[PDB]
Amino acid sequence: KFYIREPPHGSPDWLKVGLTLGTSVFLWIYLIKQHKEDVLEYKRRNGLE
Amino acid sequence: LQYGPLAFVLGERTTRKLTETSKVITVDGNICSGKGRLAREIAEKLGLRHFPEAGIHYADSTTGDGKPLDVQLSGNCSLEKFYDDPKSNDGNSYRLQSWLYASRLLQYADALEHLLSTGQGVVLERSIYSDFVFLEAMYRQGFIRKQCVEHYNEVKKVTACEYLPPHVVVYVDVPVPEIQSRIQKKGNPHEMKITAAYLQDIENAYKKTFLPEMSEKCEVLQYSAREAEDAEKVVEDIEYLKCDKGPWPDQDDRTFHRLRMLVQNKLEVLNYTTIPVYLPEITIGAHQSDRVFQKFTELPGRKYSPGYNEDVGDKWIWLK
Amino acid sequence: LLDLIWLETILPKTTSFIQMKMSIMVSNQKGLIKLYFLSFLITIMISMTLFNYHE
Amino acid sequence: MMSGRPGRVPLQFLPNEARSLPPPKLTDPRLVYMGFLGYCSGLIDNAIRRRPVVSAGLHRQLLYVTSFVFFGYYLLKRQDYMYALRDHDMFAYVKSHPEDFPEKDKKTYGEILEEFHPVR
Amino acid sequence: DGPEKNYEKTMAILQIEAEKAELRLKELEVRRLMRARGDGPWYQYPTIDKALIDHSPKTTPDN
Amino acid sequence: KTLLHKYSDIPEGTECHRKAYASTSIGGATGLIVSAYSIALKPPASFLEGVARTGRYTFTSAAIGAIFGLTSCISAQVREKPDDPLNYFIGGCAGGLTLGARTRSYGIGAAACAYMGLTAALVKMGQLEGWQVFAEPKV
Amino acid sequence: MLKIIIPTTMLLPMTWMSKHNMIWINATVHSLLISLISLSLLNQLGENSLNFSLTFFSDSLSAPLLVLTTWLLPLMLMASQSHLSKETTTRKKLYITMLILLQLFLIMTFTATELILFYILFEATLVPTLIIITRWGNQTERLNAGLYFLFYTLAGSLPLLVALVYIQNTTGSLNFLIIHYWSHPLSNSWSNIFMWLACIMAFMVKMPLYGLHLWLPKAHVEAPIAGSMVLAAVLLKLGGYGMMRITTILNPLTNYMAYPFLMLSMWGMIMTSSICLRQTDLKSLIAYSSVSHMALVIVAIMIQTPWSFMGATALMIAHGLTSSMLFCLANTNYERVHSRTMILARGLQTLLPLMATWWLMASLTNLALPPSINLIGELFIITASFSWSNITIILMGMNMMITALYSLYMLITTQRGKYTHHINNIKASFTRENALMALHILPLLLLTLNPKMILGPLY
Amino acid sequence: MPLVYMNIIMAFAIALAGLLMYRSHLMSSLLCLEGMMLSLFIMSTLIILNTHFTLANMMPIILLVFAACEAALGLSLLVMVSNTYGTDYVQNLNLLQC
Amino acid sequence: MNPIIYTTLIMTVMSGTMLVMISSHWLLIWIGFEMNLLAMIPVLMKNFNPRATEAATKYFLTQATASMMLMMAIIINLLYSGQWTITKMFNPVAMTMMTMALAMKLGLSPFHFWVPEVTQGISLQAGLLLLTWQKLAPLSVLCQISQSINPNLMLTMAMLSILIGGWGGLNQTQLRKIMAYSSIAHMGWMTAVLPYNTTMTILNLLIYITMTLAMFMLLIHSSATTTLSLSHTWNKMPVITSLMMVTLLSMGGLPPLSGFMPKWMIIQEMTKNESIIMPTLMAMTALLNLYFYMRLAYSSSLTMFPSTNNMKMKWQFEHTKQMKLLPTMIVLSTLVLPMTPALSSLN
Ligand SMILES: Nc1nc2c(ncn2[C@@H]2O[C@H](COP(=O)(O)OP(=O)(O)OP(=O)(O)O)[C@@H](O)[C@H]2O)c(=O)[nH]1
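Chains as they are written, first to last, in my numbering: chain H, 10 to 58; chain F, 4 to 323; chain C, 1150 to 1204; chain P, 62 to 181; chain D, 509 to 571; chain E, 5 to 143; chain Z, 19 to 477; chain R, 683 to 780; chain V, 417 to 763.
If a hint is listed, it holds; no wrong ones were tucked in.
Okay, derived cross-link-like pairs now, EDC-like style, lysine to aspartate or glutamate, Cα gap no bigger than 20 Å in a straight line: (1) E/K142 <-> V/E690; (2) F/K160 <-> F/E271; (3) F/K48 <-> F/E232; (4) Z/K37 <-> F/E301; (5) H/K42 <-> P/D89; (6) V/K462 <-> F/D255; (7) H/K10 <-> F/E313.
Bear in mind the hints are in silico, worked out from the structure with no lab data behind them.
If we strip away everything but chain H, and leave its shape as in the complex, we get:
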């Protein structure tokens, strides 16, 4: 192609990409689970409902 040598990131690293999405979905579903736990626990703390 253009570059005579292989590029530093030309073909993307399937590994690092895979961990990137894997951690991001982890952070999102942990965030959601935490929010639900906090809202229910706050509801049962002061006996609101």
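Go by the hints and put chains F, C, P, D, E, Z, R and V with the ligand onto chain H.
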């Protein structure tokens, strides 16, 4: 993974791969003194690879497709203008010398990286240590001013000391009048317009500072034209010398790590090639620099990081 | 006389010149260790009881 | 202000009691703005590396905003707990010291002698 | 929209901001009192804990 | 602090001699402090010229403080306006011109008039009000 | 106000990703719809300020200025692509971004509710203006211009910040509604005098007052045209607006310390006007005229009379429009001649009849020809000052006189004469600039028809 | 507040004054530093021996422990200033002033 | 230096700082200080130039003097109180001596001439380390003992730091020197706010740490040490200078950038403590810092400067050092103002 501190911590050394056959050589001599020929002969006789003499567009060869970029974009200087009109106010000559210095600097950088990474030896046509012969020979011929010479020396001291001298260097001794006859028979009209005093001055500057100071840094092999004709004898000479002179032996793996760090970062190597000194042939103006940098950006493969330019045929940029 | 002479001299240029003049006397130290530590020494008892920071 | 409050246990983000407070909403404008900082950090990261700042490395930018929002949630919960503690210590100290918090015998402007300044 | 829009909105805004204002004043006064006297939940300063003290009979009787 | 307190004990205007002496002592103290720092950071060449430098600095500062004190007391007594901030303002130009007259410069003492007199007015205003430059932690 | 804030913020991605040719068109048109949306904000309740939310509110003083800024934003866009044609697309996009950030900060400033937030955005307008003045400037002392402008603004800004935080600790809140409804009389304490000085001098620096007005003849004269008009038209109004907000808690002290500054403006407006007469550059003349008009606004503010406030607001609006138009005309002539001395190119009335007109009513509005909003705004202040003190009139009476002189003088010495023979680059009037002066002029007479809108909160 | 404490404190004061004043050499300043350390050791030892703070007698030992470490590091610094300078004087150590 | 040796030395510096910030015994805090000092010198000597030796010396003897002084204070406190706990000083002399004993470590008082010197002599990376990590420990000790400070001494220290730092920064073209003077000014700000509310000190320290990190790693990625070399970066790489000027505006504290939030909050605190002259004084004299910030910004991005022809090859080659956490650092360096009340998390 490219070599870094983590590789040394892991255990990636370079004394292990480096052997006796791992040699870095430069074949130096006068103009068309058969240095390229003899360099190739010692290359494939000793089994070592060959990087040709660095020129204007050797760096253009290093990055991307390797085609020689536009002269204006790649240092706005030409060897043909040097040969035809030597003395002019535009100062193409010192621009030529500085760009050739930096190109040979990066050539030596890549050469050092090669035999410090894979262990295969490297052969070259001239180098930094033979680069000064030209500039001094020109300056003695009423060619450039001494401010350009002092900028050259200041750049040499701060961009050559971090590197270490070659293993062996071969000199092909060809008399200057024979060189004049050779350029007569060559045919290229530009090399006709040469001062024979300039050729004699190249020869003088070679065997007055280059070879002497070389002899205290590595092993020198002075060969006459006929002596260097029979390449087998010169390769068997370079085989049997001692390979025990210079800073190459007293070179621990930690200084190996240092020199690999230096060579692997090209921007570091030529960082001091652009020191602010404001020389009449070196200061590209603000407007000229802006336009020329924009032109370099519109050139394919030079807008984004190498391996990300979509215009050139890259792919997977959105998950790269 | 007023705008470009007296108005410049009355506020902007005077302050700029003051800062220019005395930043020089602040930042022109000879860098010697002896005088630096001598100044540290003098500050010691100046803060100790000369200003009576202790009491 | 609160580093010396009795009952504090060191080196832990939320001291258990904070769950009795309403957790910050996921829609919270402070939270989404901290997510915006995640997007911005991606833009500089691509720009700092000579990349197509908008389209390059969608995963890298996506990681940036996700990371900022998570630490954003916990910081907001920590932020609200301290302000709640500030109000709790305030009013409790107010009630515990009635003499130092006098009440005012309320009267109207018809009896306040507010001087008038003629605007001439 | 009608004038009652702005009227009730200004009622709510004015009440909320007045509450904020005198709450800030109470905050300043409470902070002053608690820093001056220390008889409060915050502004407490570290002091040596008594459980470190050892009460076992030592060599010297009248320690 | 007691050396400064000497000025505080003497009411402004009255006892002009004692106030002048106290202000002269304030000036002299600042003078030897500045000269000590000067010969510390900036190296002198010998003992006698070092005395010349510190004497010049303490002379300038002592003159400044003295004339400030004299102008303040005589202005507060002559006009019977002790609370007058402008009482210190004459100490400014007195502090200004002579300081320039200590450096043999015109613009130096000309600008020193306004600068030093204005700062003198504000510090005096510190007496008039309950200002505290170094306020103890209250809240 | 987020019906105007959110579209202004979202205007940034449009320019920042638009193609190499669509940035100007898109920014101009969408800024025009933004101005159209802000035209609604002229809807004002009788006496209650429109409180959209806790942090955002508007009344009959903030709304006209906000409409002025929003309507102005297309005008820099139309005036800039002449001197910005030969630039990289990214650099042009950032210039546009600086302009949008400036307008956004001005909107949050005018609609701010707490005095601290007002201060934050008010000063925060410095940064985009600094970039515009410094990087894209063409003259020499642009680098000096930025330093002078920033330092003059800040030297007043920081004491204002200290005074505002002290007020927050003492009074309880910096909210305008609270500090007005819960306003308390101010005692004649000298600490209170310094508090008044801190609360006043920042705005008076940006007013500017005479003496400390050197940042304009060294800033507006040097900035690119877009920066020049956004400076003179609105950024000058920042100090007046802030003073109108802050004099609520600055009485009855003001009058006793109103004496120095008032006359400082009253006398100053003469000298600046005289400085206008013996000028050499068009832009400097317009800058000094702006200083004089803003000094008249200063006098209006410190009278603290209802009539004075209404005339003040009218003068701010009219002066913004007139100064923007005059700067645009000066840029047109300068670009056509690539110089700024008002002697190099004279007698261009014949060559450019529409420019000759545009200059004619630009001068007329600058000269305050009745019944233009400039004249009524001036006259209301004159009547208020006369009620406060009679002698003012002669000084006032001097001003427009000298003003009228220079108000016509440049027109005599730039178009009403004989053309210069050696110059030939004056081409046919590109309809861009003519249209631009149209969008400058027609709203001026339209507001002249119904000045009850720009009359301020006292009406 | 007893007497021997006065002598040790006064000795530390003169050693602090001596450290904060250089004349020619680098070794002399280091010696003055270790003299400061000596005064500190003697003072602390006196204090803890007098108060029968038995668990605290290790404190002068740790003082000396870090004392020797700092002295070693300082004299290695002097080794390098001698290697790049031939001598050890401080007035010629001026290359960083500009 | 062998990379493992460098890693161990960095870990020892961090462990000394941690020992300072976690120990209650005075001797242990001094031991952390000693470990920090001991492990810091080789980090400076990493590049091994005579500048490095000069700077490492000047660093050493100042820190050694400060630490010995700190022992004199600890021993006096023990003599007059009998306690090693870090609560408060029971002898006024001991504390009015440790105040400058802990000051030369920060480098704010007239005990500041060492800072520009060491900063200029040593390399840029070790300069980042010295100006960022080497200030948490003494500031932590000051925060712990803030209850019993003589306010006059500490405020005078802060004022002198601010004034001399801002003035000295006006007269240097080397980036290391003006960053050292900027660090002195920020030391003055935090130390001024220290006696009243240490939470604001922590907030200002965090903002300064992140923002100086961003500034220094931008400098490293630009490979610039003098003003002309930094100005030359526009031709090779313009985004670095573009971020440079924004980060410099944050250095000066111009809002709505992040750098205002400390300068703002500090002013809000001491005016609550009836201190009015001091906040105004600092607010006005921060303009000296701002002046050379704008001078640096002018000749870095706002005006493109004469470049060098050999940069045609420099544009040809990209960077290799990643400069981790830089894009995040810029973001917390410029836009965190709307999340200002989050400072309550520190409290
Ligand atoms: N100014 C300048 N020109 C150089 C330098 N090194 C090489 N050149 C030029 O590059 C070319 C080198 O040619 P040579 O290798 O000497 O001769 P040749 O004709 O290629 O033949 P061989 O020597 O057999 O390879 C000539 O144009 C030189 O003038 C240098 O350091 N400075």
